[PDB]
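With the hints as constraints, model all of the structure from the sequences given.
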Amino acid sequence: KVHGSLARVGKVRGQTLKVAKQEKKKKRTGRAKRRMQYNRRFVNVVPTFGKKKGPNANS
Amino acid sequence: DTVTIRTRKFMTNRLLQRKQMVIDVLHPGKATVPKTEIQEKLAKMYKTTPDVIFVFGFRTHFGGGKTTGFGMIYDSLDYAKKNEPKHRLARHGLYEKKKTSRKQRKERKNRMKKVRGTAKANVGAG
Amino acid sequence: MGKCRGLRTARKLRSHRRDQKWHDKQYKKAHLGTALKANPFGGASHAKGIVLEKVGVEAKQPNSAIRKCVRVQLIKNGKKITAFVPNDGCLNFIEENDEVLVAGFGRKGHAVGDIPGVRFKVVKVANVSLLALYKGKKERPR
Amino acid sequence: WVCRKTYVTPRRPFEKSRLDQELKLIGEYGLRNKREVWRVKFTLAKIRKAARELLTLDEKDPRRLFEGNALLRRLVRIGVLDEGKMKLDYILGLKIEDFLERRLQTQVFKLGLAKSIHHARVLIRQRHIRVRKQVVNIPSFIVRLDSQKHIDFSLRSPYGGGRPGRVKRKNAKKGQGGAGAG
RNA sequence: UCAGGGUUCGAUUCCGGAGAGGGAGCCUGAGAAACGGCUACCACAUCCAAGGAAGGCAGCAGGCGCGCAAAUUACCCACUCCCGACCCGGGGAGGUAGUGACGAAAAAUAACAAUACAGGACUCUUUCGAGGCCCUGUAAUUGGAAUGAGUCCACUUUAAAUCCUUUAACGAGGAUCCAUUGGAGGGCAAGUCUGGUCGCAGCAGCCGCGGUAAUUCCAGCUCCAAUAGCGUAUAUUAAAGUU
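Residue numbers (the working numbering), protein chains in the order written: chain A, 1 to 59; chain B, 1 to 126; chain C, 1 to 142; chain D, 1 to 182.
The hints are simulated quantities; they were obtained by calculation from the structure and are not laboratory data. Hints are not guaranteed to be accurate.
With a cut-off of at most 25 angstroms between alpha-carbon atoms, the simulated BS3-like pairs for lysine-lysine come out as follows [stated by the list, open to error]:
id : chain 1 : residue 1 : chain 2 : residue 2
1  : B       : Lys120    : B       : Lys103
2  : C       : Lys135    : A       : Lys26
3  : A       : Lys11     : C       : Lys124
If you want it as structure tokens, here you go:
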């Protein structure tokens, strides 16, 4: 149902849970962020048979 | 330290009665020493004694190792004392300034403007 | 093709082009200035006004929603503009009979999305952004 | 007073093909951003434009001679071009990577004392090298051909003669106030 | 901005012109129809013992107002030049500092070994397996090494000072000496992951997402782009052989 009118704003954001798991780990900047990006993609060297994988996959 | 004073493009500037060169200085593990110390060594390289020597400039390059300035050497005192911009004479004292700050001049001037005949009150008196 | 290619026909070219340029839509708005006179803006990127009162604005089909706009009168013209309010719960951070700062959508004359009759949106309530009100890194100054 | 830009942005915002080339090029030489890449490619494409004029000018025009002669000298003086070539056609055979070989950080690594290229950039900035007599802090020196036989470490550093750092002399004072009096 | 041909802008540091609240008249001088000169009218505004008198910041600062929209009632004639009867005097011209993410250039935010797993050329072995090399991240702690960011005596800078460069003494173990701004359905580089909502709330330049199994909403985690910058609105050029 919807009870207490559907014109009401703040609805979806005021009934959602608020949680976090904020970092303790410090991320890199500038030079080293590119260094890891280079090595992790190309100089590993893992790749195998034709696949769709992407650099993300939480599936 | 042990430091080197080294010439560069001398001129015998007869019209102003002085000798102007560049003060090219090398310093090994240090750089940027007092200007007073520099003119001592130049005193005992042309035997003109250090009260008619005047130097200024002296910007020091990165990492030290060199500094370069500009120096005059007058033949006599009175040729310096006459020619010389005032602040360079007062740089190692023999002259001052006063005068006195700025402003107290202009506000007095406009008050002097609005009297005639007698302005001796405003010159002393406000 | 199908047109003069003389050697002394500079006049017949440069007078023809100066006429047939006015049939273009864009050119005809820029140079008559009827744009300026008709708009509630002076050509300024933003503008400032004072709230008149909240409204609810229905959506165009297929979509059905209520979009919670405002209606505002301006400082320097006194004419009225109907302006959208962004993200959820930001309506509450706008209070009636205060000043606001408006801005166009990003289509430069035309009504955007499924909402009709709205051509403007709202960015700052009172020297404070809708972002910092929404996110919670600032608070109402009153 | 007078200011101008030294780089340009790509016309396309994204393109899988382009991004990989710019990434892998930055990986080799230890560059910080693409702004350090596009800078090089602006200068190169500028030189490629000037050359593209003179080839279309009449052979033995005085403008064509004096420009080309003094131009190619400069390309040889930095060492991106040989004098066994010495004509304008080889300007168009020049490309991006040859420049980057003459970068300071590249020459430290290639012909001197370093670990990986990522190390060598840090040595340049922390004032442990010189070029003939002169300290530098700029890894984008681009290095003239004559000055490659004068790349040396610095004469005041813990690397070679000169005073130690504050990690060593700290630990030396741990022998006197950390375990000698504390 | 741009292949060629063009298009758009030019209040604004150089040169020329016009004007000092709006109009008109005029004195002086070689030069002015001058406004840091004058007279009158008109519009304003100030003082007054009400008899009278005095004024023009589109000069530098500063205030009110107007708006989306813009700095110190600072220091100084040393430089650069100008003015005078003058080598000496004066100059808010001009120089110096303050405010300053308009904009431009430079380039830090951790580099190197130990152990630990991990990959493949290489070697031995029928293979299994083992050795070993080149490197990779990644865990675990660390270890050695380095430096300015800051703090800061001295010198230097200059009219006097600041800044910069130069140099004492302090100054890095990652928990802090903390990089953010946007995005992840397609256009367009990156999630048919988990929780909540259920055509409601919202997102969406465009095409479209939400009606209880949401790859697009609200959050978490992860990933992508650019990076000391990034987003948004508006004018305008290229894209447009859609002038």
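We went through each hint and held it up to the structure:
| no. | hint | result |
| --- | --- | --- |
| 1 | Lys120/B to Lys103/B | holds, 19 angstroms |
| 2 | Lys135/C to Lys26/A | holds, 24 angstroms |
| 3 | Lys11/A to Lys124/C | holds, 23 angstroms |
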